[PDB]
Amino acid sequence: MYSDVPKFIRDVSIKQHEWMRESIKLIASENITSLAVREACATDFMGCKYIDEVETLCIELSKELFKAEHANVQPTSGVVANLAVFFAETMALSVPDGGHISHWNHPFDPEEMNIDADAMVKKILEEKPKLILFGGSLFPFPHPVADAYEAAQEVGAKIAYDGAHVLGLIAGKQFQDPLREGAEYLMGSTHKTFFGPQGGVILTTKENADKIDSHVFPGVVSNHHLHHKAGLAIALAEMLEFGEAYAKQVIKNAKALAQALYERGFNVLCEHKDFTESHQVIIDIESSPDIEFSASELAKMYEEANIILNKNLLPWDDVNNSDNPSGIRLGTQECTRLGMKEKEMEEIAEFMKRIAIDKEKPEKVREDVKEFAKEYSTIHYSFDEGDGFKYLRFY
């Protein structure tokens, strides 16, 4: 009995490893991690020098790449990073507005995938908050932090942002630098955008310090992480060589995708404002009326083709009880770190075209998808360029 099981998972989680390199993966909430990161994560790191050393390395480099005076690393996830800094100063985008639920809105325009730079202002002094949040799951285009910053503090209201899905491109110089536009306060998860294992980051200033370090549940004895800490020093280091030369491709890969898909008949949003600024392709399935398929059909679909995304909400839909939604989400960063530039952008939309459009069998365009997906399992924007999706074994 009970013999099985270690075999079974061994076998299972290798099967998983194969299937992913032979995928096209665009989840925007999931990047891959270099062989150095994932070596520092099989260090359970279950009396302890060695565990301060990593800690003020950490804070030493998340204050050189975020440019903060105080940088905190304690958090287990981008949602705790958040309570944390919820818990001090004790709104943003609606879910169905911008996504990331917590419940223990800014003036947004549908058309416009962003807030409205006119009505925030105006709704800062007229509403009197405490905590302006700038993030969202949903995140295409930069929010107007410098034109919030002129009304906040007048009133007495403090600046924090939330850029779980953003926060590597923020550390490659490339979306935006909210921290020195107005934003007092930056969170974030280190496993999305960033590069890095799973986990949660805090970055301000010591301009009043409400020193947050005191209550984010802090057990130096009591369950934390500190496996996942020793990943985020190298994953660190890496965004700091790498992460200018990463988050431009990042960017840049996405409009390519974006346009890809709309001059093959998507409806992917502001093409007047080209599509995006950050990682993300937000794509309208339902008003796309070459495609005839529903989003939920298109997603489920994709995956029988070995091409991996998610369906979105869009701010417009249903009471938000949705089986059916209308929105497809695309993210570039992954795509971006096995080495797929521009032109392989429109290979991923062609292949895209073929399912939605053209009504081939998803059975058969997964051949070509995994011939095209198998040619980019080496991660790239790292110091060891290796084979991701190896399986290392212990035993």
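Numbering follows the first chain given and starts at 1. Definition used throughout: the rigid core is the maximal C-alpha set that superposes within 1.5 Å between two forms. What changes on going to the form deposited in another entry:
- With the core fitted between the two forms, just one of 97, 210, 116, 181 shows a Cα displacement of at least 2 Å, namely 210.
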Contents of the next structure:
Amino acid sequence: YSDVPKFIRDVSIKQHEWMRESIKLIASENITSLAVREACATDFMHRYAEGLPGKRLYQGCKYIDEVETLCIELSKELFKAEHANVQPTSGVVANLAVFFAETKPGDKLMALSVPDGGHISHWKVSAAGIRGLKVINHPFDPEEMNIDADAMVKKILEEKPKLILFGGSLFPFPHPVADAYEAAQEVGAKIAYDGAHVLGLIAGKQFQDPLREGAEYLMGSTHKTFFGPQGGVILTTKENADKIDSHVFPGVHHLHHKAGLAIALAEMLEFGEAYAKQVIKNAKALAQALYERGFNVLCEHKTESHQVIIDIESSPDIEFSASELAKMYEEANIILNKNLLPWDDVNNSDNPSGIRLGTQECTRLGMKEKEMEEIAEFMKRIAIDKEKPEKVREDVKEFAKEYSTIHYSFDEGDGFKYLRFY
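Based on the form deposited in one PDB entry presented above, generate the structure block for the form deposited in another entry.
Just the single chain follows, nothing else.
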């Protein structure tokens, strides 16, 4: 009882230094700056917003109104939505909320299959599996990795869906939210876009542009590809002002998270274009250099995103499985995932066909083309060649430790720094 909190402290600092020494390439992982990380630990855990500023029923919320209004207006500026609500406590809550507002049973929810680039929300035992029920797979073709809009518009056409979503876990190139609009608007099927995975790239005016391309809704997690802490955010048309704001609370919040959200949101406001551009630029040539070192990286005719896709099974000179690489990588101080590919036979697996990576956190750490071209080395060494994994850890742990800094922010601190409250 007594000594365990300092033991959690132990695995905490161990965590910190591990993350400093290791480089982290993960699709869903982004780093928080010091302003927002400090701000998340403040007393804003104390109170609650209980709905919107000016609508409270609880007292002492006065400052919370200011910060919430500030980030609402900030995102209203950034993503250029005519409405925004920052209340969702996570991305999945944002999903559940925009569903609960924009859908009921009455069938189709159109989204990617899980190995096909889906994420676990829309399908059952999750968001809209809890709400919408009624799910259908998106016409994803594995060769050029993206949705084929023809079959999509067809399914939307004769088979008459009431709602359609875009975005996902596997997201190499912008999904056709533009071409789907005709049939979607025809049947009375709304268009929503989960921005989470790409949420930063769109703020930096790269990749896709959902709202100008006809999307009525855009929502997602602020902790991935965007500098914010853990939580969700919703952005939409201004006729939904009284709708989605109602369907959150009782759809839900965590106020410290919203504050850090605001700070990181302004970091994204000022430094976002440079950041995002640098991110995709940190992606593409990483994929190329990785394709030089003998891997098989998919979309060889292209990625416009921050995430990269590798198929290990078909990749020769390796002849390993995905997790087979993933583990040794994890103890090599280069950490990625275990991820399915649309080619995968069936899904019950500890060992898929390949791996999916991302450049975002390293970019916030400052890494550029040279450094990721040097990431290609550490990556390649274990698969082809296959010299000792833990041997190159003494090399790698002394590599990433050089950048402790948080870039594309207004301050340069130590991102892996641990601060003693006691």
